[PDB]
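A.B. asks: Next come the chains, spelled out residue by residue.
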Amino acid sequence: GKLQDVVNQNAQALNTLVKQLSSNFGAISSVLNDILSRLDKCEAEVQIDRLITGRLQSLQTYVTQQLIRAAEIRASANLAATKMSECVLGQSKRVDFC
Amino acid sequence: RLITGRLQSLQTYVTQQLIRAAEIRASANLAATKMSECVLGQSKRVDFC
Amino acid sequence: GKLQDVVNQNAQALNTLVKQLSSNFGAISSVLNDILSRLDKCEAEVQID
Amino acid sequence: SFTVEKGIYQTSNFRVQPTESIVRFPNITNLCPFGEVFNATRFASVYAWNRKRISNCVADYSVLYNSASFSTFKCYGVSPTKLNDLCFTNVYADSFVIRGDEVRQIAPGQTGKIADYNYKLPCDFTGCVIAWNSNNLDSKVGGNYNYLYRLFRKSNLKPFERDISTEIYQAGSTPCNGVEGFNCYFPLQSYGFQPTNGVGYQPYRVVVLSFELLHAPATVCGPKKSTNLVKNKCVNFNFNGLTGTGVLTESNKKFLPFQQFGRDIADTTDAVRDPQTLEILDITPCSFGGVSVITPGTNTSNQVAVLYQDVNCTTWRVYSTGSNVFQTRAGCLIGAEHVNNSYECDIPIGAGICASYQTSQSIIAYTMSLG
Amino acid sequence: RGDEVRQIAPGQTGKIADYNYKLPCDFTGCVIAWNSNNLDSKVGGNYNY
Amino acid sequence: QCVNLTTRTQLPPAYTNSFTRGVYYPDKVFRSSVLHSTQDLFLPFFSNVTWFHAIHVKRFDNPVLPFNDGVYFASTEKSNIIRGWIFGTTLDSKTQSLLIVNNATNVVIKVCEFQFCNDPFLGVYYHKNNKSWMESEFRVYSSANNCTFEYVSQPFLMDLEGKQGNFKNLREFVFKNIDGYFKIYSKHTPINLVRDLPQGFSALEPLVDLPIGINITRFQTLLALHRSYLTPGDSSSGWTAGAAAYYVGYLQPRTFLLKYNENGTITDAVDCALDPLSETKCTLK
Ligand SMILES: C=CC1=C(C)/C(=C/c2[nH]c(/C=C3N=C(/C=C4\NC(=O)C(C)=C4C=C)C(C)=C\3CCC(=O)O)c(CCC(=O)O)c2C)NC1=O
Ligand SMILES: *[C@@H]1O[C@H](CO)[C@@H](O[C@@H]2O[C@H](CO)[C@@H](O)[C@H](O)[C@H]2NC(C)=O)[C@H](O)[C@H]1NC(C)=O
Ligand SMILES: *[C@@H]1O[C@H](CO)[C@@H](O[C@@H]2O[C@H](CO)[C@@H](O)[C@H](O)[C@H]2NC(C)=O)[C@H](O)[C@H]1NC(C)=O
Ligand SMILES: CCCCC/C=C\C/C=C/CCCCCCCC(=O)O
Ligand SMILES: CCCCC/C=C\C/C=C/CCCCCCCC(=O)O
Ligand SMILES: *[C@@H]1O[C@H](CO)[C@@H](O)[C@H](O)[C@H]1NC(C)=O
Ligand SMILES: *[C@@H]1O[C@H](CO)[C@@H](O)[C@H](O)[C@H]1NC(C)=O
Ligand SMILES: *[C@@H]1O[C@H](CO)[C@@H](O)[C@H](O)[C@H]1NC(C)=O
Ligand SMILES: *[C@@H]1O[C@H](CO)[C@@H](O)[C@H](O)[C@H]1NC(C)=O
Ligand SMILES: *[C@@H]1O[C@H](CO)[C@@H](O)[C@H](O)[C@H]1NC(C)=O
Ligand SMILES: *[C@@H]1O[C@H](CO)[C@@H](O)[C@H](O)[C@H]1NC(C)=O
Ligand SMILES: *[C@@H]1O[C@H](CO)[C@@H](O)[C@H](O)[C@H]1NC(C)=O
Ligand SMILES: *[C@@H]1O[C@H](CO)[C@@H](O)[C@H](O)[C@H]1NC(C)=O
Ligand SMILES: *[C@@H]1O[C@H](CO)[C@@H](O)[C@H](O)[C@H]1NC(C)=O
Ligand SMILES: *[C@@H]1O[C@H](CO)[C@@H](O)[C@H](O)[C@H]1NC(C)=O
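Chains as they are written, first to last, in the authors' numbering: chain A, 946 to 1043; chain B, 995 to 1043; chain C, 946 to 994; chain D, 305 to 618, 632 to 676, 689 to 700; chain E, 403 to 451; chain F, 14 to 70, 77 to 304.
Calculated directly from the structure, the hints in this document are not laboratory data. A hint or two may mislead.
Mimicking DSS-like on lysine-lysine, the simulated pairs with C-alpha atoms at most 27 Å apart in a straight line are [unchecked claim]:
#: 1; chain 1: D; residue 1: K356; chain 2: F; residue 2: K300
#: 2; chain 1: F; residue 1: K41; chain 2: D; residue 2: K462
#: 3; chain 1: F; residue 1: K300; chain 2: F; residue 2: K278
#: 4; chain 1: A; residue 1: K986; chain 2: E; residue 2: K417
#: 5; chain 1: A; residue 1: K1038; chain 2: B; residue 2: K1038
#: 6; chain 1: D; residue 1: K557; chain 2: F; residue 2: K278
#: 7; chain 1: F; residue 1: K150; chain 2: D; residue 2: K558
#: 8; chain 1: B; residue 1: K1038; chain 2: A; residue 2: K947
#: 9; chain 1: F; residue 1: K206; chain 2: D; residue 2: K557
#: 10; chain 1: E; residue 1: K417; chain 2: D; residue 2: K529
#: 11; chain 1: E; residue 1: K444; chain 2: E; residue 2: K417
#: 12; chain 1: D; residue 1: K557; chain 2: F; residue 2: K77
#: 13; chain 1: D; residue 1: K462; chain 2: F; residue 2: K195
What the simulated footprint calls covered on chain B by chain A, stretch by stretch (three residues with Cβ under 8 Å from a Cβ of chain A suffice, anywhere in the stretch; the number is not a length) [as the list claims (entries may be wrong)]:
#: 14; segment: 1001–1015
#: 15; segment: 1021–1034
Beta carbons: idealized from backbone N, C-alpha and C, even for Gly.
Produce the complete structure using the sequences and hints provided.
C.D. replies: Given below as structure tokens:
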């Protein structure tokens, strides 16, 4: 389960990113085409500005969460490399390390 | 606008909490290693304990 | 390189922070002076917010 | 920057531009009843306003330019300039006559006797409000006392509510017992419209067109001319005023009779019922697949290989086939020569494939040696 | 005419806003209109406009 | 021509549980294989709904009931006894009122200043010479003036024979008066059940959207009387009621998690804020 958690977390993060495209973020609609079809170029820019800001914020949140998860995985991989060096390539005197 | 701002505030709080959780997890991993290697045994590592 | 990267990233980060001042964020301009000179205090407050 | 260091860089996904545009509107030829709605010899009183259904027609609205001239024309929820490009689902014209000073009250979120007791508009109101002076039609010498308005009511009306009752309004505390008198007024009062009258206290004819956009089947359309339907090609489409870009393909979905568009988890339109032929078409974006650029230093050379992930090279979705097309396990690599040898990784393509710049001089791709 | 003064503005439709005079709404500038009766109107009709 | 009906036997109002019933399509957009969360005027799950009978064995109930933000009206029938509704505030010609009626030939919808009678009903007469049934009485309203909205459907002829056995048709309706629009969602299912509302889930589809523009606070069902030689006396007592039943519940603003299957049908739903487990399900989507 410890690896299935990694796989599920990545898949769920991407699925959440896809799901978050349905938010208005204050705009009249969450769909670019609806805004561009009912509004002229004039205020369609204002609405698309709100949409762009919201979706960029969604991407930034996703990337920050991924950075934290990658830091966790880096710690785990450093531990794995240490165990490889000290228990596969040697015999560890450390208690309960292996 | 209020909802957007307050949701951003909550997201900032949660991100800071994740960072501090990572720090505390590092500290707790160190503490568990020390419990295993110094309480449950004798450590030859210099200045570890 | 591991040390040089640690320098470069920080500098790069700081440089990015300057460049991101050139964004409207929905305002009519990315410059406070332009907004305050074209718009009075009335709606320049909204834009500056 | 003008210099690119050695490595592999992710570029934008593969893009396909639309080859042609298509417009698909419902097949209808009748003109909308502009004559009956605007050129009406008899408008209704504001307290009892006339609602008329408009359906199965074309909203050209350039026939009004010859004769009509509207004092106010304010559209909410839609730009005036897009009205020629849209289709409207269920269209109602609410017609009445009011005072010239009260035309400002026909708008969302207003107060006053007309906005409160006679005719109320919502704020989720997609529509248009049209008002024009009719002093030469609705006013006559000595006063036209045929147009009435409700002056007293116990509570404000709900949006799009009508109240044609004529019960005596009990302003005071004593019961009225259905007879006028002290603190017992007849709720309705008649406008006095005359030709020698101030512009603010002159008759104005008001038509409120209420409709919806891009959510249900539409029988009222703009004057846009339809076009043949082309499938399996990235195209710009305009389906009942819903614009977009993508590939249209046959669909197995079975829409209910009351449905026109299908939507996915992201609320984008995934399917659409073709208005001309009652068939369902799936809409799919034509941009898809990742593209990476493998380059040595730009000083070293301007040659670059392109790794098109998720395309099979064994008509392709590539920018230029060129030569040296090799199907790696990480995608299709174009511009790099495959070599049977193996060396240490220099530019990791992925999936155990690496690339380098070697000797005349060209980019080679190989399977990395572990040791 | 008076009824068409509303059409001299960004994002408008009608005779004037489609066939005679069109504005953007990236339109920095401004519109001034004043009633010209008893200056451009004469008995029997002024058909020069 | 209206006549009050006196040969009644008063009983307490019966009550029933609505087992995940009264869900309708919130909008006209096709959705398939998704868990869509929507907030609207829904009938709460496992809510208590009033129960009205029409039987002889004589008990029949057509009281004037409130109309609180919308109504869910289910009817279990086998002989077409319940054939319309009246909506309004005073129902006395001082205000406008809505009449929906299926008079065995057409479906008539009318927003009109009706002077409704205390006991409005339709009446089908049994014929002994020829075993044929046809509507003979229409005692809904005595007057109609200033008669704004009118719609009449195409002619038809439905089987109004009084059947003996088990209820066959379940007809579910959702009425709501929003922004001057009377929205009716409808569903019809075949069943074989004696007394209560059937279990299961069935999603009501948009039937019609009438621009009545009327204030509505009360409504009353219009039942059809069987008249035959077996029942003597005047019109106020010479009648009998065919076996039928209906159930009335009230919509409230609720958030639901609807499940659209691969074919675009709402197969099931979860009523958020019913109990904490439902809240958990809605949160997890
Ligand atoms: C009261 C207004 C009323 C409504 C809203 C209504 C809806 C309605 N009922 C229908 C079927 C039908 N409707 C009825 C009769 C009724 N069904 C009911 O909900 C009620 C109350 C009756 C009257 C007692 C019958 C018998 C059928 C056909 C059932 C069948 O043969 O399968 C249809 C389909 C008609 C078609 O095929 O074109 C509609 C739209 N019918 C009405 O009369
Ligand atoms: C719609 O009808 C109801 C009932 O007639 C109105 O509610 C009444 O309003 C009066 C005065 O406002 C009160 O004295 C009554 O107590 C109310 N009765 C009930 C049951 O609510 C309501 O005002 C009407 N709504 C509109 C917009 O006219
Ligand atoms: C059911 O209602 C409809 C409409 O009220 C009736 O149809 C009308 O009947 C009268 C007879 O006097 C005609 O004058 C009208 O022209 C009819 N209008 C229509 C068909 O739209 C119908 O007769 C009623 N049927 C029963 C059995 O009562
Ligand atoms: C006697 C001085 C007035 C003091 C009022 C103080 C607070 C209320 C502000 C009320 C708005 C002005 C009311 C006039 C508009 C009502 C008529 C209409 O719009 O149709
Ligand atoms: C018969 C009513 C049909 C209404 C058509 C339905 C929806 C579209 C509304 C379109 C424009 C309505 C008329 C515009 C009048 C202003 C013309 C002008 O600016 O000079
Ligand atoms: C006219 O409308 C009908 C609606 O089904 C459609 O079948 C037909 O193709 C349309 N005419 C043309 C030339 O497309
Ligand atoms: C409206 O009425 C005037 C005069 O009756 C007429 O000149 C004009 O053609 C009419 N316009 C339309 C669209 O019917
Ligand atoms: C490219 O290589 C040359 C050496 O021939 C060097 O002078 C140059 O600095 C290199 N380009 C960059 C951007 O460093
Ligand atoms: C598609 O790519 C895979 C390798 O990723 C390959 O095995 C397969 O043969 C390709 N399809 C065809 C028809 O060759
Ligand atoms: C690589 O090896 C294969 C045999 O496995 C051979 O068919 C092919 O010609 C060789 N290609 C090169 C460039 O040496
Ligand atoms: C009985 O019928 C008459 C008219 O026929 C009606 O006026 C009266 O209200 C009815 N009785 C009651 C208690 O309503
Ligand atoms: C309706 O059902 C609930 C629970 O069964 C009960 O508490 C309530 O009393 C019932 N309503 C009435 C009026 O009894
Ligand atoms: C048949 O039914 C009709 C319905 O009223 C009735 O008038 C007629 O009398 C019946 N036929 C005979 C022969 O009685
Ligand atoms: C309502 O009815 C009365 C009499 O039938 C009539 O005097 C009045 O004009 C009518 N009002 C409306 C709006 O129809
Ligand atoms: C969905 O529609 C298809 C018809 O192609 C049918 O075979 C299938 O049974 C349906 N499945 C459900 C769950 O309705």
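A.B. asks: Next step is simple, just say for each hint if it's right about the structure.
C.D. replies: Taking the hints in turn, this is what the structure says about them:
Taken as a hint, the D/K356 and F/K300 pair is broken in the structure, with Cα atoms around 45 Å apart against an allowance of 27 Å. Annotation: proposed proximity of F/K41 to D/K462 holds, straight-line Cα distance about 25 Å (limit 27 Å). Of the supplied pair hints, the one linking F/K300 and F/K278 holds, its CA atoms being roughly 12 Å apart against a limit of 27 Å. Annotation: proposed proximity of A/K986 to E/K417 holds, straight-line Cα distance about 21 Å (limit 27 Å).
At most 27 Å may separate the alpha-carbon atoms for a hinted pair to count; A/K1038 and B/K1038 meet this at roughly 9 Å. About 17 Å separates the Cα atoms of D/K557 and F/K278, which keeps this hinted pair within 27 Å; it holds. With a C-alpha separation of about 44 Å, the suggested pairing of F/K150 with D/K558 is violated against the 27 Å cut-off. For the hint linking B/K1038 to A/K947, the alpha-carbon distance of about 31 Å lies beyond 27 Å, and the restraint is violated.
Taken as a hint, the F/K206 and D/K557 pair is honoured in the structure, with Cα atoms around 22 Å apart against an allowance of 27 Å. The suggested pairing of E/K417 with D/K529 holds, with an alpha-carbon distance near 21 Å, which does not exceed 27 Å. The straight-line distance between the Cα atoms of E/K444 and E/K417 is roughly 24 Å, inside the 27 Å bound, and the hint therefore holds. Note on D/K557 and F/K77: the hinted pairing is violated, with a Cα-Cα distance of about 51 Å set against a maximum of 27 Å.
In summary, the hint linking D/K462 to F/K195 is supported, as the alpha carbons are separated by about 14 Å, within the 27 Å threshold. Residue count for the segment 1001–1015 of chain B with a Cβ under 8 Å from a Cβ of chain A: 5. That meets the three needed, and the coverage hint holds. Taking a C-beta to C-beta cut-off of 8 Å, the segment 1021–1034 of chain B contributes 5 residues in contact with chain A, enough for the three needed, and the coverage statement holds.
When the structure is compared with the earlier hints, violations turn up for hints 1, 7, 8 and 12 and for no others.
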